[PDB]
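Trainee: Single-letter residue listing:
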Amino acid sequence: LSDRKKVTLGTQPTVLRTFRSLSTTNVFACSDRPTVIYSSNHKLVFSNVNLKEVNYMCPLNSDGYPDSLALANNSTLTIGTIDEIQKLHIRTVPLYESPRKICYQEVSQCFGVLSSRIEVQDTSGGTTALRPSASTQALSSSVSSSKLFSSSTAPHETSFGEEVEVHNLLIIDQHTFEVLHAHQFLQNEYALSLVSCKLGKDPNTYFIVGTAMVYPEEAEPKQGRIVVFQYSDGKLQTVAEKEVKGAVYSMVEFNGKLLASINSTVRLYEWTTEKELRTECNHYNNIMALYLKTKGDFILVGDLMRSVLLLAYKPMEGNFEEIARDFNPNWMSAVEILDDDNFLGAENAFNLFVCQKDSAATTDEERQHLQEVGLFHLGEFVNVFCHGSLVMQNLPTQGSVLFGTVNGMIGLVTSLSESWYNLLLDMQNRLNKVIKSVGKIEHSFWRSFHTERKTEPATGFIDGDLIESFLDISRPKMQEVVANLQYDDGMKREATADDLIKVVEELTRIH
Amino acid sequence: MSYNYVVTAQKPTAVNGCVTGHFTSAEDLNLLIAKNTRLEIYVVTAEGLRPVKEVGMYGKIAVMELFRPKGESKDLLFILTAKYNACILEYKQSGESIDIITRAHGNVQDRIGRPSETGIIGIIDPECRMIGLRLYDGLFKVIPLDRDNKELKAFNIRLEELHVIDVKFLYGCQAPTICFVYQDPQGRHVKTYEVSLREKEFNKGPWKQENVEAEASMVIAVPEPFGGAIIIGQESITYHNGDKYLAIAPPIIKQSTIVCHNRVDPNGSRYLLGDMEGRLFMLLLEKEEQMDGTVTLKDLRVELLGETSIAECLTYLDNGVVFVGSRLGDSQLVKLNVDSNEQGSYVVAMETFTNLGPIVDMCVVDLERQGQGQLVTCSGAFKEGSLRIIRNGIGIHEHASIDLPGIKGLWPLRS
Amino acid sequence: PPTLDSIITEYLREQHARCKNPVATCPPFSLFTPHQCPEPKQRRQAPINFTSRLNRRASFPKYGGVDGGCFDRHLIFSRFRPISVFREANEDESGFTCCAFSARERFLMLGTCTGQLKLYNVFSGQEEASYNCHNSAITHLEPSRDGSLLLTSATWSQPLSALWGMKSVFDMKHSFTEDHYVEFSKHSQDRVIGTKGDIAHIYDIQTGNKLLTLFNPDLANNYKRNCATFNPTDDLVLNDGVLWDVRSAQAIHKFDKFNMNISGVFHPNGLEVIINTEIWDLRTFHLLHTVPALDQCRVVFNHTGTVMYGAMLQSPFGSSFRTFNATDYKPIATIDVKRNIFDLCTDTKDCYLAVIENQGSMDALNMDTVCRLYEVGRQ
Amino acid sequence: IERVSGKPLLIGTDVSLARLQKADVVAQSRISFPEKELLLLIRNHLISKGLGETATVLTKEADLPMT
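Sequence order for the protein chains is A, B, C and D. Using the entry's author numbering, the letters of the first sequence map in sequence onto residues 623 to 1017, 1023 to 1116, 1119 to 1140. Residue 1 is where the second sequence starts when you use the entry's author numbering, and the numbers rise one by one after that. Using the entry's author numbering, the letters of the third sequence map in sequence onto residues 1001 to 1314, 1328 to 1392. Residue 813 is where the fourth sequence starts when you use the entry's author numbering, and the numbers rise one by one after that.
Looking at chain A on its own, in the form it has when it is part of the complex:
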């Protein structure tokens, strides 16, 4: 027998069995934290189930479930089988057209997807599509009306059908994921932003689609509109509309008000009772205001070329206010507020950085300058940021930010405590002498912040994927990781093997 290792399961006696689901001899852990032991991308790593508590299992013979097993608990009995065992089970709902954005209705049970369909132009008829996508094949359709861009002679006649784009708003069912309804917009009208919130004391919960009018052989567009939709009883309805000179790039809800971002202008709205909008204020010191993120009363703006921008809102003053601004020209990709002090941003140079609202505000000049605290080369283009963990709320670190990229790489960004930062960062520089990486590349050299002009070494962040590789290292090499080091269990202790590996498993259960 080899050495033992403690794994936490719960507070009750557990059961460890194996069986035949359909084939391949699956192994299950009947416990208060019920896991499937057998595989995780061909590796002995636990993965949970969608059951709260499992005590026993029973090999039945169901007439509607072949070779499945029932599970005895302190609760009901569930005749179920197990599919291909992996951590991240992925389910595909194809639409055969490019999805733009995604929102969610909490009251109504429907998604909202902006999409994009490629069509060629017919000579006699208007246009035609190229394949029966899930845009036309819906349960009901509609068309944009009230032609309020009729005075412009800008849509000139084209010669051939050279692949114009037609966008629509897919409203997708909650459980069946069938496309309930689509809504075609105007000709040459893209849709660039989608939020679904409540505005004012009107008890409805709307869809708001920020659209823009595009034309080729042209610079930046100056047309477009913002249209408020609702979905009362299986029927999408156009309630309001507001023609706005300029492309509407990003929208957020802001304290019962709709915040917009319209060609380097941040325009706050206010939903009146008469189903219209009144502009509350504006901001103009922007190159191209492409992003908006809010938390409370602060507003985070991601510019085209410049940077992270922090913009206040004083409700007693009725206008906005520039708190601070970073000056270093980073080309933005995605921004997200972390904890109302620190602001995370993405860059076209495949990099991450955190800016910080300053504290020692000894003058007005040293408090209008954001400070870049932390630099990191996540070698991948970050499109999205969002909140929300993927694990169970059992009621460590603080907060959880996931991100979405152009290569299908989801990762998690979360906030540490200042003691565990120095704990782990001392482990990395010890781990950077043990694992010989393939290619003989220094990890400090790869993660270094690398624009076209700066090569500052990486600081502030903890590259967890290197620390998660400590679990795979053998003990004759893990003992050389555990040098004369520190351990905080205010107090002081030399580092040991069995407790540093406990730290990583506390991190690995985040993901």
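A couple of the hints might just be wrong.
The calculated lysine-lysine pairs, modelled on DSS-like cross-linking and capped at a C-alpha distance of 27 Å, are [unchecked claim]:
1) A/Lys1104 <-> B/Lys191
2) B/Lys208 <-> A/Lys1063
3) B/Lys298 <-> A/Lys1067
4) D/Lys848 <-> B/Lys298
5) D/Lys819 <-> B/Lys204
6) A/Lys1067 <-> B/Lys53
7) B/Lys208 <-> D/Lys834
8) C/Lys1062 <-> A/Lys844
9) C/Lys1167 <-> A/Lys1081
10) C/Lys1362 <-> A/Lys915
11) D/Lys819 <-> B/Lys208
12) B/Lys244 <-> B/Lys298
13) B/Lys168 <-> B/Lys200
14) B/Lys11 <-> A/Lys1063
15) B/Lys92 <-> A/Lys1104
16) C/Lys1257 <-> C/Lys1224
17) B/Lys11 <-> A/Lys1067
18) B/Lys150 <-> A/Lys1060
19) B/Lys150 <-> A/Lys1063
20) B/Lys168 <-> C/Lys1041
21) B/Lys92 <-> A/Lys665
22) B/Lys204 <-> A/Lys1060
23) C/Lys1020 <-> B/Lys191
24) A/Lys1060 <-> B/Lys92
25) C/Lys1167 <-> B/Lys168
26) C/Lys1020 <-> D/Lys819
27) A/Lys1060 <-> B/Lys83
28) A/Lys1063 <-> B/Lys53
29) B/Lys83 <-> A/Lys1063
30) B/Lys150 <-> B/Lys200
31) C/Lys1343 <-> C/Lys1362
32) D/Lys819 <-> B/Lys191
33) C/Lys1041 <-> B/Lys208
34) B/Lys244 <-> B/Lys254
35) B/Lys191 <-> D/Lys848
36) C/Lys1343 <-> D/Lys834
Quick caveat, the hints were computed from the structure, so don't treat them as lab data.
Based on the hints, put chains B, C and D in the right spot on chain A.
Mentor: Just chains B, C and D now, kept in the frame of chain A:
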């Protein structure tokens, strides 16, 4: 200060470059898929694919290509990262110990220079004598492939021509030579050269090709029997071997840009070609045995083969099995028939591979009011657009509901 | 006599002469259909609109398509907006000559007619520390990147250029009485070069001796405004439009004179040499290009070296700006500044333009020369 | 103009420099065409101008797609 923690939830799935060869052992065909930073090493079996060892490297694998230098039964692998850090690898196996050994490395970057417009291009010589690279827009870095490089030496032989579109090494002609597709200020053409390693300088090239198609996009060198070059353009396909020439502009290749290619047959008898709409083609070549030893080209055929996902890899494996790798969604393994189907396609769908694609928006949402959330990601592109729902754990949800709490066991009885 | 083989051949060739962008190895023709050579329909090129590039970069690499960053620089250097104007409210009318930013971009070192440089906070707009630098005036003024040194050259004072010091103590740490225009070395800043007339001297900073003075009497062009500079690899010098290999003190290649004033500059790619309106090569020495909108303008590049700035030195001086690209030299913008531009410096971090403009009419008796800060990329 | 460009052999045509590199490529192109594209035009001429008793004799020499 602010201190944060970054891990990887889902490993990157979209693929970038796919190379076949014999990387694991002497007599076993395999596949080397690099995706973003991972290097997957499969093997080609009679049933499909079978993984061997997945290796994560520190950098975006931009250019990879296998090569067997003269003196090794097995072959070697060159990988250049996005931060210009080059390496030469070798698989080595001993029982359960399966290790990758770097044979040479060394950062190769110039202090000054605009990087590129066509990205990074890297070509291995067919005679395995040098390793060429297009890196900094006005230079042609040459890595002299020998055992002398315990770290990689480098030359920078100046391209007098600035805006180079594509570049390949031509096949066996007793001297390692280079083809271009160069955009002149007035027109565009295809010029050649000849690298002298002992003198660090271009010698005289044998082809001229003073004016080719105005949207020529790639060079496909044809091998040792009837060597030459095929210049795929937007609307036409040419061929040149110094003297002879053919040209077709078939009505199939009109509506989409050819972006990928591979050499199906080892004597260059066939060539697959994919596009930006999903179509696979096949550029057939008619081998004309004109004389007692002369092998020359006679005809150029384009045959539609059917719709796949939007390819960026294209690798023919064996037994009519083609791997299609897709950045834009659902990389799949397909099979080419002999006869046709009801639609004339030869492409048989086999097992696919899930790609989260270009994620363009997300939302974390719960649909069972639990403590565990789901993530709906707008994945894919033009026709591969798909919402993808991501959950941890194991989804036992098709379950029968039986009111038996606290029962000790259920045991079968049969006749 | 001809045959129908020759007649149908000539008939197709007279139809082939209508081809915009013709080919050489043409496909086999079709007598029953018209013949049109394949025109370029750009599919890999990024779209002209900005929102169409913005949707495309969400599922494609860095910029959106082939030549995508070029369009991103057209929309972003074709607009400017004045933020602050910095007067000289001491004798009620401004007397500035030369402008530059500091090494930390907080202060901007303007330069008076009297020979003193006056610091100004870019945020406050306040006089902070004047410095009695020169007797005559300030002609040229550039700092170093580490923030320890400062080169200023004067108009007629008996020491003509002075390497000052800007760490915390302000002193002439080395003195020159000779050169009309001094300049650092680019990558490794331990060398300062300077030029009087047609003679250019290489100096050290540590001891200030003459390192190597380079001049060939058989070969000089005798430009009116000679300014010897360095390439960014710190190996080549443009004295009198002649290259100079600084490894062994030899001349390389004289250029052909065309414009009587300007001795040239290096392009930041390390591949070219920009004489006044003639664009040359560094290794083949061939005239690649000729941009006639570069007619006698002093050029300033971005720190990344991605755009070229142009200010006319024509008598008026600079009735507008001139925004160029660094790759294909296509003109982006000529923004009309109604006054007369006298000097121009830009940020390292691409946000402001230091612009010395003259008020009033063209008056040599009364000069009210103010500094007006623009913002990059704002309407 | 002749010396610094693509050598016109004393022909006065399209003297502009952008139009001079057009005429070098058009004149040096290799125009080819199959025999079918002419013989179907020969037959469609001979039937048209009355002289038809070689047209059914031209079917002996080559395939005839259209009656």
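Trainee: Now look at each hint and say whether the structure bears it out.
Mentor: Consistency of the hints with the structure:
{"no.": "1", "hint": "A/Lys1104 <-> B/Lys191", "verdict": "55 Å, violated"}
{"no.": "2", "hint": "B/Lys208 <-> A/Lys1063", "verdict": "49 Å, violated"}
{"no.": "3", "hint": "B/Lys298 <-> A/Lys1067", "verdict": "49 Å, violated"}
{"no.": "4", "hint": "D/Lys848 <-> B/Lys298", "verdict": "19 Å, holds"}
{"no.": "5", "hint": "D/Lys819 <-> B/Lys204", "verdict": "23 Å, holds"}
{"no.": "6", "hint": "A/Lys1067 <-> B/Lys53", "verdict": "18 Å, holds"}
{"no.": "7", "hint": "B/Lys208 <-> D/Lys834", "verdict": "18 Å, holds"}
{"no.": "8", "hint": "C/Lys1062 <-> A/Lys844", "verdict": "25 Å, holds"}
{"no.": "9", "hint": "C/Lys1167 <-> A/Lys1081", "verdict": "23 Å, holds"}
{"no.": "10", "hint": "C/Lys1362 <-> A/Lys915", "verdict": "25 Å, holds"}
{"no.": "11", "hint": "D/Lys819 <-> B/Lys208", "verdict": "18 Å, holds"}
{"no.": "12", "hint": "B/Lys244 <-> B/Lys298", "verdict": "10 Å, holds"}
{"no.": "13", "hint": "B/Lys168 <-> B/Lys200", "verdict": "19 Å, holds"}
{"no.": "14", "hint": "B/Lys11 <-> A/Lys1063", "verdict": "21 Å, holds"}
{"no.": "15", "hint": "B/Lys92 <-> A/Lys1104", "verdict": "21 Å, holds"}
{"no.": "16", "hint": "C/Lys1257 <-> C/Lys1224", "verdict": "11 Å, holds"}
{"no.": "17", "hint": "B/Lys11 <-> A/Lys1067", "verdict": "22 Å, holds"}
{"no.": "18", "hint": "B/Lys150 <-> A/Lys1060", "verdict": "21 Å, holds"}
{"no.": "19", "hint": "B/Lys150 <-> A/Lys1063", "verdict": "17 Å, holds"}
{"no.": "20", "hint": "B/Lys168 <-> C/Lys1041", "verdict": "25 Å, holds"}
{"no.": "21", "hint": "B/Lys92 <-> A/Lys665", "verdict": "22 Å, holds"}
{"no.": "22", "hint": "B/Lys204 <-> A/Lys1060", "verdict": "49 Å, violated"}
{"no.": "23", "hint": "C/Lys1020 <-> B/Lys191", "verdict": "22 Å, holds"}
{"no.": "24", "hint": "A/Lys1060 <-> B/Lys92", "verdict": "22 Å, holds"}
{"no.": "25", "hint": "C/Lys1167 <-> B/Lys168", "verdict": "54 Å, violated"}
{"no.": "26", "hint": "C/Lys1020 <-> D/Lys819", "verdict": "21 Å, holds"}
{"no.": "27", "hint": "A/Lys1060 <-> B/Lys83", "verdict": "21 Å, holds"}
{"no.": "28", "hint": "A/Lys1063 <-> B/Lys53", "verdict": "16 Å, holds"}
{"no.": "29", "hint": "B/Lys83 <-> A/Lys1063", "verdict": "19 Å, holds"}
{"no.": "30", "hint": "B/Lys150 <-> B/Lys200", "verdict": "20 Å, holds"}
{"no.": "31", "hint": "C/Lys1343 <-> C/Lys1362", "verdict": "23 Å, holds"}
{"no.": "32", "hint": "D/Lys819 <-> B/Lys191", "verdict": "21 Å, holds"}
{"no.": "33", "hint": "C/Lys1041 <-> B/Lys208", "verdict": "25 Å, holds"}
{"no.": "34", "hint": "B/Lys244 <-> B/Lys254", "verdict": "25 Å, holds"}
{"no.": "35", "hint": "B/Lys191 <-> D/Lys848", "verdict": "35 Å, violated"}
{"no.": "36", "hint": "C/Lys1343 <-> D/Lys834", "verdict": "25 Å, holds"}
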